[PDB]
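J.: If you want the building blocks of each chain, they are given just below.
Number of protein chains: 2
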Amino acid sequence: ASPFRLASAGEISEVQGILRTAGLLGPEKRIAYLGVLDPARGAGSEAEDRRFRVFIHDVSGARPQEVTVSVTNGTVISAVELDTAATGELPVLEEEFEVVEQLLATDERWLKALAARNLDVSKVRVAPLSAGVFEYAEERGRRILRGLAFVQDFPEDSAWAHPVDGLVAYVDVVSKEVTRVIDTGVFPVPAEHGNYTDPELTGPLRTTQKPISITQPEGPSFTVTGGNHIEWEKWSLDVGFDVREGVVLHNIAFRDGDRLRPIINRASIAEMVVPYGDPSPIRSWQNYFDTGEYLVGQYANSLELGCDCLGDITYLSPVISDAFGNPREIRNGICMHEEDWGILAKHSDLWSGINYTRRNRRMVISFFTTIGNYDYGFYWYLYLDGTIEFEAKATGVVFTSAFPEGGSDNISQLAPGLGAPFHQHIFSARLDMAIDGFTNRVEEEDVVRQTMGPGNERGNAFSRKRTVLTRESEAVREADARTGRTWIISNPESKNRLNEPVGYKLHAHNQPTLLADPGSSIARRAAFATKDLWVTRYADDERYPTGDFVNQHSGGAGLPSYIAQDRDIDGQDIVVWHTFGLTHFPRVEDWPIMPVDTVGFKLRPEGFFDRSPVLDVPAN
Amino acid sequence: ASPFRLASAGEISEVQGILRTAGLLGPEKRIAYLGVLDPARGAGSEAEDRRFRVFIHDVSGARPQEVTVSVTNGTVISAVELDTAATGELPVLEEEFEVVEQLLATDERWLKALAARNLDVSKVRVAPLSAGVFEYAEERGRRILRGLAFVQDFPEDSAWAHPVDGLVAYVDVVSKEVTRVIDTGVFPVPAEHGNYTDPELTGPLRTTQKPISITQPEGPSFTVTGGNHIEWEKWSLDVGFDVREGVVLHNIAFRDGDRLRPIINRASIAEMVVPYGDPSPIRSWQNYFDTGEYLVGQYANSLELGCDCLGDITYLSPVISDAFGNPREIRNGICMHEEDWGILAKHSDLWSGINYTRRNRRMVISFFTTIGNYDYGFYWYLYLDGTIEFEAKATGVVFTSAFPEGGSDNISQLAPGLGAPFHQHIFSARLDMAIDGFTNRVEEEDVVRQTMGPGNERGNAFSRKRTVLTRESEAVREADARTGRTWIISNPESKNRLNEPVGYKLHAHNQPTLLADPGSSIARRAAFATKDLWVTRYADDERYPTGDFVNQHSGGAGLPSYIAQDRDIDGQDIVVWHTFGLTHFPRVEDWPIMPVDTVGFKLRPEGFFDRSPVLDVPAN
Ligand SMILES: [NH3+]CCc1ccccc1
Ligand SMILES: [NH3+]CCc1ccccc1
Ligand SMILES: [Cu+2]
Ligand SMILES: [Cu+2]
Ligand code: NA
Ligand code: NA
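Read top to bottom, the protein sequences are chains A and A'. A prime marks a further copy of an entry chain.
Per PDB author numbering, the first sequence starts with residue 9, numbered consecutively.
Per PDB author numbering, the second sequence starts with residue 9, numbered consecutively.
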C-alpha cells in the first residue's frame, strides 16, 4: 500500500519491458543506475505514481541517457541524452572492473614494465580506480579508469600485500585503448604475504572465548508491516534501499502520547569520498567517491546470522537491477534488531528513600558494503530517549604501496618494504529535516565565556548564544570544539509547554574536514567536504552534495551551486548536510586486515518533549 | 599473596586496633579517609608491607591528623597534626550531612526566612554543600558547609522539584554555629511535583518491551584469582578499590605471544569537579569536588542483577572503613562481565574469493555512585584489539533553582517556575603510564596541511608532525580538534619489528574545559581543569591533581605546584593527567530524572604490536 515500499522484482521487470519496447535497452545498452523516486511534496492526493530513474550507458560509444519511467502508467516520462564532457560520466559499471586488467594484459608498454620486474602477467591484478579530472585534455568527454597493479602469488593470495609501485596506466574503457603507461622507476615488490587465514600467520587460534548467547524468548519488540514499515518503542519509520545511497530512512516519527510527531523526513549518507595524501605521481590523482562513482548499495554483503548480526535478527532482502534490467535480490542485505544499551536512568535518593533504575535499549538498522579493498558498515540507531545516531564502521584492507627506502612524510610503513599512504574517509549525511512538520530553522549554539566583573563578581558565570541561519549564503558552517559548538534544528511554530520552540540538537564529532589544498581538483569536486555543516532549502532535484554525475565531473556541482541561490531557510522546508570523517594515518595494527574504526554523529531532543519521554519504561 | 589485593575486613580491624591502642581513636575522633597505599617503586624485594593511610577528624575542635599505619608490622609509622588553615580541611563526613539541617532548624534567622514563605520547618530539607574559599575571612581555618533548602511535601516526595531560592545559610559544623543567613528575596516555591514513580506522572507503563536474554552457557571467558586479579583475552590486571577514587586499575598488561607486556601501571579517575555558572549570590560559590571533597567510593551503590548489570556478572564486594574504624562491605559494589561488541574485522575479497568476518567483544568493569542529587557510573572497557576506554555515565536529578520571571542567561527552565543552572562535570584521569616498561615519553601529534607547489603539484598531500614533550614546564597541553591533535605515549627503548618505538595513542573527545574566569576561586582550586593534558614525572606523593586536602583549600595545590619542578620527562617514569568533561545546559528532557549522558576517552595501540593482535580470534 505504502508509496515508500521497497521496489519489487515485478516493478523492476516492468521497467525493463518499458525501456526495451521504447528502444532504449538495445544490446549495446547497460543500466548504470536504477532507483525509485520519492513521492513529491504534497502526497496528500493518494494518487500513487511509482516512478523510477534510470541511467543508461552505451558500450558502443553513443551518448548515455537519463530516463524517468512510470511503472504505474507503463510510460517513459522523459528521456534526455547526456553530454558527459559537460555534466559528468555515468557511475562505474561492475563489468568494467576486469576490463582494465584485460586491456593492459596485451599492451606492449604494460608488458614491458612487468617484464623488467620479472612479473608473470597472469599473476598481476589491476585495481580499477576512478580517474578524476586533472591535466590530461585528451580525457575530457571520455570514459577513463586508471590502473594500479598488485601481485597474486596464487589464487587465494591477498594481492594487497604485493603492490607494484612506480607504475600506473590510464585506460579508455569504451574505445578499449590504453592511453598512457607511466613508469617512474622500479620498486621492490614487498615479499611478505598478508594472508590472515594462514595458520603460519595467525598461529594457533584462541580457545579461551566462551560463547555469548543473545536471545529474545518472546520475539522482538518491533513490528514490520508492509515489507519495510517499522514500529518500535514509539518510533515509526520506513526503511528504504537505493543502489547508490544504500539504506535510506523515511518518515522518522515519534508517537508522543496520542500524536504522531515527525522528526526527519529523509535520512541518508548521500556521498562519501576517500582522498589520498601521497604526492607521488603514481597516486596523487587518487580519490574515489564510493557512493557517487561506484554505488555502495549494489555491493552490499549478504549478512550471516551469528557472524555479522547476532541476536534475534529480522532481515530485509532489497531488490536492485543488474546491468541488463533483470531484478536481483540481495539476500539478507539489511539486518535489524534491538540491543540492550545499559542504564537509561538511575537515582537513589537520600531523602525520599526511593531507589530507581531503568535500562536503555536501541533499535539497530545496518548493512555492510565492499568496494575493492575497503569494507564499510552503516549503522542507524534509535534510542528509547529520542536520540538518533549514525555510525560508520571502517574495516577491510588498507590500500598499499611500496615503502620508500629513506622513508616518507605521507606514507606509513606496515611491513618490510610495504607502505600505506595517508588518506581520509569523509561522509556526507543528508538530513531532510521535519521537526514537528516542515517549518524548520537552524541555529548555531556556542558556549559564551564571561569576564569577572559587575554582575559576575566571582567569575563563575558562563552562558550560551544562538545564531539563526536565515539565508543559504550564511548557512555554511565550521565546527568549533573549543566553544562546544552544536546546531539546533527547531520549529518556530511548534512550542513545548514552556512556550519554547521544539528542537533537536546535532552533536558532531568535530574531526578534521578535507585536508587538501583549497586549489586542488579534489577540493573543487568534493567541496561539501571542506565544511562541517550546510543548510539548503528543499528542492526535488537537489539530491547529492556532489551532483548527479560525480565520475569525471570537473567540480562545482552540488552544494556550492545550490547555496548560490541564497534562498530563505528561516522557518522553511530545509535540508541539513553534515560532513564528518576519519583521517587515517595507518598503523602497523591495521595490517594485514584492519580492526574496525568508527565515526558518526547523533541528534538529541532539545525541548522537543514536555518532560523526559522515558518515564513510562517499566522496571526489567 | 598479591600486594595489590583488596583490603580485607581483618586488615581494617587491625588498623582500628592499632589506632585505638596508640591513643589516636578516642570518642571525639572520626576516620574521614582510610585507604591502602600502593607498593613503592621497586617491589622486587617481595618484602610485603601492607600500609594504610588514615585521615582522622576531631569533632571537639582539636587539630586533625594524618596517620600512616603498617598492618604488616602492627605499628604507627607516622602521625602528623594538620594546620587546616594552611593545607586544607578533611573530606566531608557522611554524618555531617544531616547536621546542617538540624542546626538551621533552631536558628532564629532561618526560621524567620521559612515563616515568611509559609514553609513548615519539618518539611524543609537542606543540602549539605561544600563551601569553597571566597571572601569570608571568618571561615579561614574553620569547617564550613553551606546550605540550600528544598521542600518535601511528604516523605516520598522528590524535594528537588521544590527549591527554595533567594535563601542560603553558612554553618560551622564543629562549633555548631550558623555564621550567616542570607535572604535576597522571596521566590515562589515551584509547585509541580517531580515524582517519577507516580502513575499520574508516568501514565500507564509500556507493555511493548520484550525481554532480551544475555547468557553465557559455559560461563565467562575471564578468570578471577586472588580475589581481584583478572585474566581475559590476553589482558591481565588487578582491580583495586579506594574510598576516595573508587575503582582503580593496577598493572594493566597484555600477553603478546610468550611475553607479558606492561601498558599502564595505575589508572584512576583522580578528581572530578562540578562548577556552576549561575552568578546569583545564592549559588555563585557552588562547586563540589565529588571525588576530593566527598569521596565517591564510599557512596558506591549495591548493583542488582538484571537491573544494573545484565548478563553473566561476576561481583566484587570491596571493604571500606566507617567513621569509627569498623569494616563495612559494599555488597556487589563492582560488576564485571564481557559484552559482545559487533564486528571486529571484515573483508570479502574480489580476487582471492575469501570471505572473512570476526566479532569483537569487550571486558567491562564498572561501579555506580550517588552523591546527593547526582548519580555517576564509571566504566572501564578492555577490547580484543588492545584498545582501552573509559566512559562516565551521568544521570540522577539535576540541581534546581527557581526560574526567574523575565528569564535568565545562566539557567534553563524545566517546568513552570523551576530552573536548572548551567554547570559542567569535569573529570581528571590519572594514567601512571608503563608502555613496555617505565621509560616513556609523550609526543603531541598534529595533522599538517601542505600547500600546492613544488613536490605537491596536485595539492593533495597532507602529513603529520610529532613534538616530544621533554620537561614538565612544556607538558601542559590544550586540545585542537581542527588539527586532529592526539598524544602518543611511547617507549623510545622498545621497538617493534620495523624498528619504531612502541606506543599508544590517546584519543580525547575535545569537549570544552573549565569555563570560569581564570581569575576565579574555582580556576585556582581546579587548575587541572583549565587544560586538557598534563604530564608529570612520577613521584610517590603526587596522587591527586588538586592535592590531598581539597575541602576549603585556597588553591594552587596539586598539578600547578608539581610541574613547577620542571623535571625531565623524556624517556622516564611519567604520569599523564587527562581532563575531560561535559558542559551541561539542562533541557526539559532532563526533568524529572535525567537520561544518561556520557563522556570519556580511549587509548589505542600505535605500533605497539608487530601486526594486528586479533589474527588468532576464531570464527564464531
Ligand atoms: N573504493 C573504490 C576503489 C577501488 C575499486 C576496486 C578495487 C580497489 C579499489
Ligand atoms: N555532589 C555533592 C553535593 C551534594 C551533596 C549532598 C546533597 C546534594 C548535593
Ligand atoms: Cu583508511
Ligand atoms: Cu549536569
Ligand atoms: Na525538510
Ligand atoms: Na609511569
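Since the hints were derived computationally from the structure, they do not count as laboratory data.
Careful: at least some of the hints might be erroneous.
Put simply, identical chains are the same to the list, so a pair is met inside one copy or across any two.
[Claimed, not checked] Calculated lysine-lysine pairs in the PhoX-like style (CA-CA distance at most 20 Å, straight line):
id, residue 1, residue 2
1, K242, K610
2, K242, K218
3, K503, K184
4, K503, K120
5, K610, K401
6, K610, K131
7, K473, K120
8, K242, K131
9, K120, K218
10, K610, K539
11, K242, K184
J.: It remains to establish, for every hint, whether it holds in the given structure.
T.: Here is how each hint holds up against the structure:
Proximity of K242 to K610 under the C-alpha cut-off of 20 Å is restricted to the intra-copy arrangement: shortest distance 19 Å within a copy versus 34 Å between copies. Taking CA atoms no more than 20 Å apart as the test, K242 paired with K218 passes between copies only; the shortest distance there is 14 Å, against 36 Å inside one copy. For the homomeric pair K503 and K184, neither the shortest alpha-carbon distance inside one copy (62 Å) nor that between copies (50 Å) is at most 20 Å. With identical chains, the CA atoms of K503 and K120 are never at most 20 Å apart, being 73 Å at best within one copy and 40 Å at best between copies.
Taking the shortest alpha-carbon separations for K610 and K401, both the intra-copy value of 15 Å and the inter-copy value of 17 Å come in at or below 20 Å. Taking identical chains as interchangeable, the C-alpha atoms of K610 and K131 are never at most 20 Å apart, the minima being 46 Å within one chain and 42 Å between chains. Proximity of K473 to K120 under the C-alpha cut-off of 20 Å is found in neither arrangement, the shortest distances being 65 Å within a copy and 40 Å between copies. In this assembly of identical chains, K242 and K131 lie within 20 Å of each other by CA distance neither inside one copy nor across copies; the values are 56 Å within and 39 Å between.
Within a single copy, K120 and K218 get their C-alpha atoms no closer than 55 Å, and across copies no closer than 66 Å, so neither meets the 20 Å cut-off. With identical chains, the CA atoms of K610 and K539 are at most 20 Å apart within one copy only, with a shortest distance of 18 Å there and 26 Å across copies. Proximity of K242 to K184 under the C-alpha cut-off of 20 Å is found in neither arrangement, the shortest distances being 56 Å within a copy and 54 Å between copies.
Comparing the model with each earlier hint shows violations of hints 3, 4, 6, 7, 8, 9 and 11; every other hint is respected.
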